[PDB]
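When you get a sec, could you build the whole thing from the sequences and use the hints?
Take a look at the letters that make up each chain.
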Amino acid sequence: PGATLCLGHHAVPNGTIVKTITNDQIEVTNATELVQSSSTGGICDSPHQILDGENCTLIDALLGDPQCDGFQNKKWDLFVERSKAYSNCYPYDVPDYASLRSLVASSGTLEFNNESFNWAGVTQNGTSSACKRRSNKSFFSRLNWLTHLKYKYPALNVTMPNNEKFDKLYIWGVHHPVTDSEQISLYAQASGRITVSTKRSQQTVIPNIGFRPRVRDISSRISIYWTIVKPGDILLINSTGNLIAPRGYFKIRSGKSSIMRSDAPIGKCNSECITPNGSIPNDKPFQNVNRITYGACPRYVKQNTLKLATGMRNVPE
Amino acid sequence: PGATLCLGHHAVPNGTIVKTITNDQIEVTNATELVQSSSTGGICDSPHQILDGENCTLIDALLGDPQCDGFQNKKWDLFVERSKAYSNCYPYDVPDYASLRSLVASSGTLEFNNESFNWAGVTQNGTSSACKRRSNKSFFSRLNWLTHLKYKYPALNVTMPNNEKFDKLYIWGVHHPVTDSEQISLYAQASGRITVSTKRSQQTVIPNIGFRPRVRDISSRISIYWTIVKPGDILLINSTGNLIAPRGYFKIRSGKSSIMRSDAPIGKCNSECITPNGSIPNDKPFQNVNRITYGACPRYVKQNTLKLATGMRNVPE
Amino acid sequence: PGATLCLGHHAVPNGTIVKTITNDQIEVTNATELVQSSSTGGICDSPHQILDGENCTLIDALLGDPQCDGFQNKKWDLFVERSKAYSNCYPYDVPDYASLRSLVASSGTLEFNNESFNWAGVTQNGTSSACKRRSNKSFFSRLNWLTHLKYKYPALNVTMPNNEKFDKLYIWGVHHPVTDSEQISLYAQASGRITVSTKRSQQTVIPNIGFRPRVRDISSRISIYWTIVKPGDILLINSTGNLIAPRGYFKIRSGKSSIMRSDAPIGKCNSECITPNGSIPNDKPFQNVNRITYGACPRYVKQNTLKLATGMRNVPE
Ligand SMILES: *[C@@H]1O[C@H](CO)[C@@H](O[C@@H]2O[C@H](CO)[C@@H](O[C@@H]3O[C@H](CO[C@H]4O[C@H](CO)[C@@H](O)[C@H](O)[C@@H]4O)[C@@H](O)[C@H](O[C@H]4O[C@H](CO)[C@@H](O)[C@H](O)[C@@H]4O)[C@@H]3O)[C@H](O)[C@H]2NC(C)=O)[C@H](O)[C@H]1NC(C)=O
Ligand SMILES: *[C@@H]1O[C@H](CO)[C@@H](O[C@@H]2O[C@H](CO)[C@@H](O[C@@H]3O[C@H](CO[C@H]4O[C@H](CO)[C@@H](O)[C@H](O)[C@@H]4O)[C@@H](O)[C@H](O[C@H]4O[C@H](CO)[C@@H](O)[C@H](O)[C@@H]4O)[C@@H]3O)[C@H](O)[C@H]2NC(C)=O)[C@H](O)[C@H]1NC(C)=O
Ligand SMILES: *[C@@H]1O[C@H](CO)[C@@H](O[C@@H]2O[C@H](CO)[C@@H](O[C@@H]3O[C@H](CO[C@H]4O[C@H](CO)[C@@H](O)[C@H](O)[C@@H]4O)[C@@H](O)[C@H](O[C@H]4O[C@H](CO)[C@@H](O)[C@H](O)[C@@H]4O)[C@@H]3O)[C@H](O)[C@H]2NC(C)=O)[C@H](O)[C@H]1NC(C)=O
Ligand SMILES: *[C@@H]1O[C@H](CO)[C@@H](O[C@@H]2O[C@H](CO)[C@@H](O[C@@H]3O[C@H](CO)[C@@H](O)[C@H](O)[C@@H]3O)[C@H](O)[C@H]2NC(C)=O)[C@H](O)[C@H]1NC(C)=O
Ligand SMILES: *[C@@H]1O[C@H](CO)[C@@H](O[C@@H]2O[C@H](CO)[C@@H](O[C@@H]3O[C@H](CO)[C@@H](O)[C@H](O)[C@@H]3O)[C@H](O)[C@H]2NC(C)=O)[C@H](O)[C@H]1NC(C)=O
Ligand SMILES: *[C@@H]1O[C@H](CO)[C@@H](O[C@@H]2O[C@H](CO)[C@@H](O[C@@H]3O[C@H](CO)[C@@H](O)[C@H](O)[C@@H]3O)[C@H](O)[C@H]2NC(C)=O)[C@H](O)[C@H]1NC(C)=O
Ligand SMILES: *[C@@H]1O[C@H](CO)[C@@H](O[C@@H]2O[C@H](CO)[C@@H](O)[C@H](O)[C@H]2NC(C)=O)[C@H](O)[C@H]1NC(C)=O
Ligand SMILES: *[C@@H]1O[C@H](CO)[C@@H](O[C@@H]2O[C@H](CO)[C@@H](O)[C@H](O)[C@H]2NC(C)=O)[C@H](O)[C@H]1NC(C)=O
Ligand SMILES: *[C@@H]1O[C@H](CO)[C@@H](O[C@@H]2O[C@H](CO)[C@@H](O)[C@H](O)[C@H]2NC(C)=O)[C@H](O)[C@H]1NC(C)=O
Ligand SMILES: *[C@@H]1O[C@H](CO)[C@@H](O[C@@H]2O[C@H](CO)[C@@H](O)[C@H](O)[C@H]2NC(C)=O)[C@H](O)[C@H]1NC(C)=O
Ligand SMILES: *[C@@H]1O[C@H](CO)[C@@H](O[C@@H]2O[C@H](CO)[C@@H](O)[C@H](O)[C@H]2NC(C)=O)[C@H](O)[C@H]1NC(C)=O
Ligand SMILES: *[C@@H]1O[C@H](CO)[C@@H](O[C@@H]2O[C@H](CO)[C@@H](O)[C@H](O)[C@H]2NC(C)=O)[C@H](O)[C@H]1NC(C)=O
Ligand SMILES: CC(=O)N[C@H]1[C@H]([C@H](O)[C@H](O)CO)O[C@@](O)(C(=O)O)C[C@@H]1O
Ligand SMILES: CC(=O)N[C@H]1[C@H]([C@H](O)[C@H](O)CO)O[C@@](O)(C(=O)O)C[C@@H]1O
Ligand SMILES: CC(=O)N[C@H]1[C@H]([C@H](O)[C@H](O)CO)O[C@@](O)(C(=O)O)C[C@@H]1O
Ligand SMILES: *[C@@H]1O[C@H](CO)[C@@H](O)[C@H](O)[C@H]1NC(C)=O
Ligand SMILES: *[C@@H]1O[C@H](CO)[C@@H](O)[C@H](O)[C@H]1NC(C)=O
Ligand SMILES: *[C@@H]1O[C@H](CO)[C@@H](O)[C@H](O)[C@H]1NC(C)=O
Ligand SMILES: *[C@@H]1O[C@H](CO)[C@@H](O)[C@H](O)[C@H]1NC(C)=O
Ligand SMILES: *[C@@H]1O[C@H](CO)[C@@H](O)[C@H](O)[C@H]1NC(C)=O
Ligand SMILES: *[C@@H]1O[C@H](CO)[C@@H](O)[C@H](O)[C@H]1NC(C)=O
Ligand SMILES: *[C@@H]1O[C@H](CO)[C@@H](O)[C@H](O)[C@H]1NC(C)=O
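Residue numbers (the deposited numbering), protein chains in the order written: chain A, 9 to 325; chain A', 9 to 325; chain A'', 9 to 325. A prime marks a further copy of an entry chain.
Among the hints, a few may not be true.
Since the list gives no way to pick one copy over another, a pair counts as held whenever it fits inside one copy or between any two copies.
[Unchecked claim] 27 Å max Cα-Cα, derived DSSO-like pairs, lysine-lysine:
no.	residue 1	residue 2
1	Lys259	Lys292
2	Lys27	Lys292
3	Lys207	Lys92
4	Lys315	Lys27
5	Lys310	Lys292
6	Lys158	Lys238
7	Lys173	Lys238
8	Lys82	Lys276
9	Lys92	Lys238
10	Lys140	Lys83
11	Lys264	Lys82
12	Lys145	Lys207
13	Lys292	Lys276
14	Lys173	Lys92
15	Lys292	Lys145
16	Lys173	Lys264
17	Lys259	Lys207
18	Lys140	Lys207
19	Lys82	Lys140
Because the hints were derived from the structure by calculation, they are not lab data.
Right under this line is the structure:
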């Protein structure tokens, strides 16, 4: 009689379909998904330091809009900008807005140090009804609106040395009056000119008198500029009118900080990978949630599923 | 005696050489080419909507050069710009030319809507001998050259609200006169200044009086600018001279439109993939015709041939 | 009795560990390194034409700083800029510095041809104590500082046609005086304006009077500009003051030239691949020395070692 001895292998009743080099559909005993396609829907507050902008853009928090005073000197790994944010101060623009937003976002700090600028012979601390704090007229917290003192605006020629070990970031501006009479009334002379320089760089800005459409009832504008001053260099501001003056400087750091546009709620939880849709797990190598990411994240791909076989071909009975 | 039974495989007298991981030259029974290396030499008019610029650059068709009146309000999937195209109107430049060309190309339409700007107190519709239509003096069709009315040019302070559901694109300009006397003669005052604003943006441009080399016998220049106005925003033009005024706005759309530089003839035929050399078949995954493509195209690679084996090793008798 | 015949394979006592698709550590009999991780520490002078900037940036060699006269008309495949380089002429800036540096670097030549500009009615060849040659006052060799002649500066309206077969690169500038009295004293009128044009392009620059921090005891500045003039086009310079005039043009070539920041010594040796750390051998496909390369170089990767098996699995006795 003898015996029979058969060699074989397992199979399962519920196999899974994968792709190969020779066949788009072959059933294997088991597989694992390599594309992360879902989010929790919230941004976990840990382990990255999250700063929710709430009503404030980063730039409004920088300048010191009245809704943004709670942001002073705060730091972040990720600043989260909300689509509902809006300005509630004097109407302004920033030539190169994207670059200023980016460099501050990347620096990851709003640390500000006041300095004693000698604004000899002018009126300081100008305010406006378009920028209220607690119903009083106010202005951007970090800027100083200078105007005539007894119908004189003597030329400004003011120095601030950087004897620090770090770079200083200065934010300053130019006021564009609506009319010639408004120019004379604020600055006591027909036009201004502003030259802000260091040993390595110079910027000159000319105010442009005229009507723009009213925003918070104001037809004039402020245009915002910035200047970085290296250790051992010197800031020189030379102006005859229209200067929106700095009150001091911001620290610039380098590191891992960034900014993200999202309306996802912030939650008490821990997740390394952030997207605008919310935090996502980062076990998988790929993800199709969002091209926009921050942290230790899977790589964005177009596929919504990629199954890796983790078993042999399934050959059911 | 018994029998003999031999196992074997086919071969061919005309095998083809392919590359592998271990050998740069191995003969197989058959192969297929993966790189498309030839074109028909013409651009097929189907299935993409092709617009041949002929004598006109896209920007000349936009502004309304006298050779380009047939382009009014036309749409395209691909605008084809010819190397022979040249301007035949007033000499101009466009700071950022590449960006204006790109954004119009991508929008894919020259749809234009006239609007009723109230140009109170000036002469409209200025023309020039450098921009003839049918031997008369003429000008860019979409622009309005304003000059003094009885030696006055009163300040312009003109509004145009966008109460549409779409964005509006405005094209406008500044005239740079050749001399101080030409400035006075056209605008009745020593200089102009132009500020074009919305609630979100502002641009001011200063005319620059002086000689440039003569082009179509003109030593002055026009410089072209643009402004996009969102729904619920308002265009404000404020100027004292030198304004080359808009006559209305262009629609801006988003979609699949582009622009290509080519001198290939347009033909009656159907091909999904367009290159500057002509349309190419798109069965192959790769191509070495041109890095510049439009449509469903193979991917550009440096290799001129890549043969994929489609049979076994060829082992001839 | 019979015989025994065993099939087998070699092994070695000193195998090497490699990575595979199924195992991060498997021992093979032999392997070869695919990542170049060391440099000689010097830049080999062959076979690329190397130009050591020494004390000179490329831009200082272009303009003609007093420390850079030995660079006149020199050509390079690779211009090597040293971190110790510093300027020793009139303090200047270049809006777009990076682009001018890049285009000259890529052109690979400082070939300069003097031209006879007719500067009618002004004093030529102005000099300064901030730009000495051999203790005399001097200036940038390739620039011509024009000032009043007997308290007149009549308007300049000067032409230079390009009747060559190649493009011409013109470098020119604007002087920004420290004060109104300095402006009058040099140019005999209250301000200048400079318009430099061709048939295709125009640039106008306004001098900006004011104090900048002293550099080599000078509080004024020069700002540098450039203009390319195609064959059959014409350069037109129109100015009433403050012009830092060209003396002629640079040839612009196209080819394989570039620029590299490095403090590595130049040596007498032959190596195709240059990095800032020094030349590296280029037998390997990859390297982790520097992302910055010039010549026939391995590709930069993050790994510091990648071992390719060149033998079978090692199975010791
Ligand atoms: C189909 O094929 C897949 C892939 O092979 C199988 O999925 C694996 O299943 C095993 C067993 O369930 C999983 O193992 C468990 O996950 C963790 C593994 O530890 C590593 O990964 C985690 C991430 O979760 C890291 O944080 C960690 O540092 C390790 O690198 C453990 O958390 C689990 O722990 C449990 O067992 C241990 C044993 O000591 C205990 O300490 C704990 O109490 C706990 O109960 C466990 O080890 C593995 O994660 C799965 N991989 C994937 C990719 O999903 C399927 O099982 C298979 N299906 C079938 C039917 O065969
Ligand atoms: C060497 O190796 C190559 C690659 O395997 C072989 O080339 C193939 O040859 C076959 C047979 O000639 C070709 O088949 C023909 O092409 C079309 C295939 O249909 C698909 O592809 C077309 C693109 O052309 C798509 O539009 C379509 O939707 C399909 O996805 C058909 O158009 C042809 O149709 C003919 O036969 C059918 C049969 O029903 C009829 O309906 C028609 O009347 C018509 O006569 C046909 O099927 C195939 O395209 C070739 N592939 C490639 C990549 O070239 C060589 O044959 C082989 N050489 C040797 C000597 O063995
Ligand atoms: C472990 O595995 C590695 C990889 O297989 C082996 O390394 C190879 O070893 C051989 C033998 O020593 C090396 O061969 C020598 O290198 C040159 C080969 O010529 C080509 O490559 C050079 C670059 O060096 C090119 O310039 C040239 O154009 C060729 O493309 C030759 O320079 C050497 O020449 C010597 O022998 C010839 C024989 O005719 C003579 O003319 C000369 O006099 C001279 O003495 C020689 O051919 C090969 O380069 C190595 N490759 C690598 C990648 O390192 C190890 O040998 C192996 N180890 C063990 C223990 O098995
Ligand atoms: C130049 O043109 C602009 C734009 O048309 C003019 O601005 C407009 O000025 C009027 C008159 O002051 C503004 O009216 C105000 O509206 C508010 C809002 O309801 C109201 O509270 C005030 O009582 C007043 O009615 C109008 O808002 C403003 N329009 C825009 C778009 O800004 C400007 O007056 C013109 N200048 C001259 C000198 O003509
Ligand atoms: C400032 O410099 C420019 C450039 O040299 C001068 O422009 C030149 O002006 C002359 C005189 O009008 C032009 O001559 C004309 O040439 C045409 C072409 O054949 C001809 O049809 C006319 O009858 C006349 O001869 C010349 O073309 C022009 N050159 C360029 C390059 O534009 C300008 O005159 C100077 N201005 C002053 C005030 O000196
Ligand atoms: C406008 O503000 C600037 C900056 O404070 C003033 O520039 C400064 O001018 C003084 C007076 O000439 C310079 O002093 C000089 O220092 C050198 C260096 O040791 C020395 O050799 C001279 O004898 C003299 O003491 C000073 O260097 C300079 N500072 C900077 C940062 O450039 C300028 O004077 C002010 N202008 C007016 C009209 O007030
Ligand atoms: C640069 O700063 C200087 C120093 O105050 C200014 O020059 C003075 O300007 C006033 C008013 O215009 C004149 O009365 C003085 O005679 C000037 N002094 C000197 C030494 O020239 C100058 O106006 C400043 N520039 C700008 C753009 O504000
Ligand atoms: C995560 O959010 C992104 C961003 O909105 C979503 O991507 C958009 O998906 C819609 C379809 O609902 C498309 O119309 C848009 O093209 C996508 N937006 C952009 C800006 O490209 C995505 O659906 C979300 N993913 C998950 C898993 O929630
Ligand atoms: C901005 O528009 C206003 C409104 O017309 C202009 O201001 C007037 O300018 C004229 C002529 O220069 C003066 O006579 C009026 O007194 C001004 N009116 C007011 C209310 O100030 C102004 O010129 C325009 N700006 C530009 C750059 O064109
Ligand atoms: C398609 O057109 C391109 C564009 O001109 C051709 O590529 C050029 O080829 C010439 C050789 O005749 C080279 O000198 C140039 O470097 C290429 N041009 C550019 C701009 O890089 C190409 O030969 C054409 N291909 C086919 C298949 O017709
Ligand atoms: C452009 O060049 C012309 C030609 O010299 C200059 O125009 C002359 O300017 C002088 C002095 O300002 C006047 O006296 C003449 O009447 C002008 N001539 C003409 C024909 O207008 C003009 O100043 C130059 N522009 C610049 C910016 O320098
Ligand atoms: C070649 O030079 C580069 C450039 O400095 C070196 O890379 C730097 O390595 C240091 C560590 O000593 C890091 O802190 C820096 O991040 C690197 N620099 C930059 C600018 O990224 C590199 O070490 C050198 N490699 C060799 C083989 O000598
Ligand atoms: C510093 C100063 O003088 N501020 C005044 C401003 C400016 O004159 C204009 O805003 C300039 O355009 O105007 C107000 O109507 C305002 O904005 O509230 C009153 C305010 O006191
Ligand atoms: C609107 C207007 O006044 N147009 C006139 C222009 C301008 O004066 C200059 O072109 C400005 O530079 O000059 C002409 O010689 C021309 O170009 O044909 C006559 C023409 O009637
Ligand atoms: C051409 C000319 O007039 N050069 C003079 C300059 C300029 O007046 C200023 O540098 C302009 O800012 O000033 C000097 O002190 C200098 O720099 O050496 C004296 C020099 O002879
Ligand atoms: C098959 O069934 C087992 C037991 O219910 C389960 O654990 C396994 O994961 C199932 N299917 C797939 C596709 O993973
Ligand atoms: C933000 O603004 C809205 C009004 O637009 C208000 O309801 C909300 O309380 C504000 N929150 C903060 C923190 O300023
Ligand atoms: C070999 O010959 C056959 C018949 O002539 C042909 O169809 C085949 O495609 C030939 N060669 C190659 C390289 O394809
Ligand atoms: C285009 O311009 C050339 C002259 O340069 C002319 O021959 C041709 O007829 C013109 N065609 C059109 C459509 O304007
Ligand atoms: C092993 O030893 C031989 C002879 O000493 C040597 O040539 C070989 O390269 C050695 N090891 C490795 C890791 O290459
Ligand atoms: C470069 O400058 C330094 C002084 O900073 C000097 O020692 C050296 O000799 C100079 N060399 C040349 C070639 O100018
Ligand atoms: C200017 O200097 C050059 C030498 O650099 C000389 O040829 C020329 O004659 C000088 N011109 C004047 C007007 O001084």
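Each hint tested on the structure:
{"no.": "1", "hint": "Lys259 <-> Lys292", "result": "neither (38 Å within a copy, 44 Å between copies)"}
{"no.": "2", "hint": "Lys27 <-> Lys292", "result": "both (18 Å within a copy, 21 Å between copies)"}
{"no.": "3", "hint": "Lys207 <-> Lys92", "result": "between (41 Å within a copy, 17 Å between copies)"}
{"no.": "4", "hint": "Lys315 <-> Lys27", "result": "both (8 Å within a copy, 24 Å between copies)"}
{"no.": "5", "hint": "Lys310 <-> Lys292", "result": "both (15 Å within a copy, 22 Å between copies)"}
{"no.": "6", "hint": "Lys158 <-> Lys238", "result": "neither (37 Å within a copy, 43 Å between copies)"}
{"no.": "7", "hint": "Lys173 <-> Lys238", "result": "within (9 Å within a copy, 46 Å between copies)"}
{"no.": "8", "hint": "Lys82 <-> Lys276", "result": "within (20 Å within a copy, 55 Å between copies)"}
{"no.": "9", "hint": "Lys92 <-> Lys238", "result": "between (36 Å within a copy, 18 Å between copies)"}
{"no.": "10", "hint": "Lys140 <-> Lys83", "result": "within (26 Å within a copy, 49 Å between copies)"}
{"no.": "11", "hint": "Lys264 <-> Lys82", "result": "within (15 Å within a copy, 44 Å between copies)"}
{"no.": "12", "hint": "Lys145 <-> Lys207", "result": "between (38 Å within a copy, 22 Å between copies)"}
{"no.": "13", "hint": "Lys292 <-> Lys276", "result": "within (23 Å within a copy, 50 Å between copies)"}
{"no.": "14", "hint": "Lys173 <-> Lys92", "result": "between (39 Å within a copy, 21 Å between copies)"}
{"no.": "15", "hint": "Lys292 <-> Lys145", "result": "neither (54 Å within a copy, 69 Å between copies)"}
{"no.": "16", "hint": "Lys173 <-> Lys264", "result": "within (21 Å within a copy, 41 Å between copies)"}
{"no.": "17", "hint": "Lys259 <-> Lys207", "result": "within (20 Å within a copy, 32 Å between copies)"}
{"no.": "18", "hint": "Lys140 <-> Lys207", "result": "between (38 Å within a copy, 20 Å between copies)"}
{"no.": "19", "hint": "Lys82 <-> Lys140", "result": "within (23 Å within a copy, 50 Å between copies)"}
When held up to the earlier numbered hints, the structure conflicts with 1, 6 and 15 and fits the remainder.
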